[PDB]
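Peer 1: In case you want the letters, here they are:
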Amino acid sequence: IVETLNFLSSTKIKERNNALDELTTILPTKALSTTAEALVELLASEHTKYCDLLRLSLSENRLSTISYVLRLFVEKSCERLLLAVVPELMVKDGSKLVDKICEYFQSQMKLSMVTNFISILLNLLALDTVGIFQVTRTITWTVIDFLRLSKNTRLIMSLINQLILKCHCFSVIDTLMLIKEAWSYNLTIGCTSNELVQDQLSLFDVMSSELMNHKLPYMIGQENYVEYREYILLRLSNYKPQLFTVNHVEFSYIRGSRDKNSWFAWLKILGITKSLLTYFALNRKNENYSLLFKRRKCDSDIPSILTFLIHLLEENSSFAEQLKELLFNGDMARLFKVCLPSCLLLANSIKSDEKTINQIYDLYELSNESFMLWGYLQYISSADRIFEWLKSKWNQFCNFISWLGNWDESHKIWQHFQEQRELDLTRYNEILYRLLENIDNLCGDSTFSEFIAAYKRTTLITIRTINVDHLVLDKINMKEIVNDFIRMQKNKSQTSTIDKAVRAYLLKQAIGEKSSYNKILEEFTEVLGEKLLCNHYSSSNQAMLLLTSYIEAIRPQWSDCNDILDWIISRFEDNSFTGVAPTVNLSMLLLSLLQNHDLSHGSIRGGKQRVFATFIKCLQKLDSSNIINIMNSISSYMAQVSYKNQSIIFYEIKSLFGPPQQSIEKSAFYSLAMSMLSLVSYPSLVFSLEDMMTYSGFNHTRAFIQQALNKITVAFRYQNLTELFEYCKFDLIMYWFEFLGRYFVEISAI
Amino acid sequence: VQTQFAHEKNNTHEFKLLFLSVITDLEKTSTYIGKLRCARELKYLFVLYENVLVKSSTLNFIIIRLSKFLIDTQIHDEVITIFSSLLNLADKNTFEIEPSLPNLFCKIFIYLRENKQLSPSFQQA
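Protein sequences appear in the order of chains A and B. Per my numbering, the very first residue in the first sequence carries number 204; after that it's consecutive. Per my numbering, the very first residue in the second sequence carries number 49; after that it's consecutive.
Bound conformation, chain A alone:
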């Protein structure tokens, strides 16, 4: 049946899914296996074919060999709910659940081979920011940096997500979760990279693009260079201090950046600032073959003299900023430089009329806010004249503002405004913004005139081919900034424009919305699974939002029936299988609802349901804790239950180091009456060393002073310890941070 399987794979027949549709039915035997594997438009057979070629240990080896490389790996690169759990188990076997198997593959990889995919995996790790083993998620650095220097910008760029925080010693147990969240959030790497590239052009000029990640990876490792897995730890640490990966390739790559540095170079005199003073810095490091960062290299070079960018990078270690952020006769001399130039940056840093005019005239010929405002900061009649000329020459954003920052200006504006009043619509929108920016007899007159002019100018701006598209002749451009709100709504609705939808629903609105929600729900029920996983989470998250929205509607209408609708949805959604990490919000919604109200125990049940939810620990607990704390309601029964739940999370010791962080948070849980004792008890439960002493320092700092110096609670906590076998002459020594304990707890002992 091989001929049939080949024909079934054969792409082209309805978007090449025809191969996938045939596969769904298939799911001669070897041929059938290839046909079922086609589920991937067809290219998901080669692995089946490898097994077929073997036609039984060899068939398994062949399929596995091919899975690694036969065709496209149908969500196999990083597996992208029981089927997925099985895939994770298979992954552990393949390395020879998900997190677990991670520790098997990383290890295997560290010990042998495993570049863009590896860098992407490094980025995936950054997005992970933890691991169900850690080592399997840390000890990869060996083979890592190995094949690394062993041997485009994008691979280095992917490596950067991990490199950015390639350091140890700090807010642990939570730092990993935070790293994961940030690195995953940046995961949207793409259009955003293009935006950063656009910002780079705005920023000044360096090189291609897709190199910001490439330089960021290097900058972070360079910071490290400038600076029992612990022994080998410090060992390889000093190594990377002078050993990492690919130093020749990077040196060549750096030339683009070096060119940018050369471009960056009275300021004009500095163009030849000691020829290659920078070379001295490089030589100091290269000669050291180890150096002493801090600035020793800088010291070798340097060229100070009577900079902004300097202090900038200094602290770092607006376009440029946003890039990294996202990732993670003097008057005449100046005017001449300004006329040539940019000028705005120098003028802005500095925060004579004819001199100003020479530069303003050059700016006028060039004809924005940066120059206009930088000039305003000096508040030049001659330059004002050039500014009027600038309007004539022009024949972003701001313009009039500088006027506000600093009656000829009004007249020039009036003339320009008149010209604008005379797509005209685009000019009119800019004029309206400019008028606000500069916010005066002319202005009053203009307010009236502008209302008429704007109405007249607007026409010039002029679903898929109708309800939205009809507006697009204008809106495609008119909406591209449109301070108002309407295009964002169209873009979002797909998943004034808003006003019309609002009007369509317009407590009465809740009833209209309920009917609409029911229709959407019916469609969702019919879809019941499909996205192949995306639908799952999407459903879990949507369900959380929808049930929450229905409850919110009751609150706004108040009505209550909407909360009942939320409950019905929640009940349907209680079937479990909460969407992968998608149900996280749901559990969160359930917890929020439990806090918000319940008047029927349901809150207690919701809390239990959330308590039973999964996750690589950390995070959710913290959020919930904070939320609950932000609650008073005098009593003494719920708090006790909450304390008991928190305590349940005190066992196992060892990783107490994580518990110490939790304890600082527990103490900094508004503490108040009683609970201080509970926070103290939590601390008593574990000892990753003076961990408590540090946790107490942090909690105390939140409440002033630190640890023992901020004990106070000791008046009772020492008694709690006094009550203990060892007593206060064995525990309070740590609390005091022994004879110290015997003294610290003497009254407690009595």
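All the pointers check out, no bait thrown in.
Taking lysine to any residue pairs in the SDA-like style, the calculated list, with each CA pair at most 25 Å apart, reads:
hint: 1; chain 1: B; residue 1: 116; chain 2: A; residue 2: 833
hint: 2; chain 1: A; residue 1: 857; chain 2: A; residue 2: 334
hint: 3; chain 1: B; residue 1: 91; chain 2: A; residue 2: 919
hint: 4; chain 1: B; residue 1: 91; chain 2: A; residue 2: 844
hint: 5; chain 1: A; residue 1: 471; chain 2: A; residue 2: 543
hint: 6; chain 1: B; residue 1: 76; chain 2: A; residue 2: 908
hint: 7; chain 1: B; residue 1: 76; chain 2: A; residue 2: 906
Non-contacting residues of chain B with respect to chain A, defined by C-beta distances greater than 10 Å in every case (computed):
hint: 8; residue: 50
hint: 9; residue: 52
hint: 10; residue: 54
hint: 11; residue: 68
hint: 12; residue: 115
hint: 13; residue: 131
hint: 14; residue: 143
hint: 15; residue: 147
hint: 16; residue: 153
hint: 17; residue: 163
Hints listed in this document are in silico derivations from the structure and should not be mistaken for laboratory results. Note that the Cβ used here is the ideal one computed from N, Cα and C, for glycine as well.
With the hints as your guide, set chain B onto chain A.
Peer 2: What follows is chain B alone, placed relative to chain A:
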């Protein structure tokens, strides 16, 4: 209520020690946090319950020491205490004086300003 039951055995009960306890509480929640302040708020009500002794025009510090940040874990408490105090200042001899008023006004006018939500219980007091 065991602490209360033990406290109930008020052998040699007097009056003046109340003062110490009140000033102790004022310091404790002048700092720390809202949860502590909430704990103290409950304690303040208990102190008032405990304050069986009274001396009309000689007490004075019926309010005064009550002129605390009536916000967060205090707005309701201050109101409860102030309202309760207002009842006390009406009850029996009443002994509704006034040489504390300037400060009461400072707190009233700001806390009833801010978000401008005074509540009718204020006006009734």
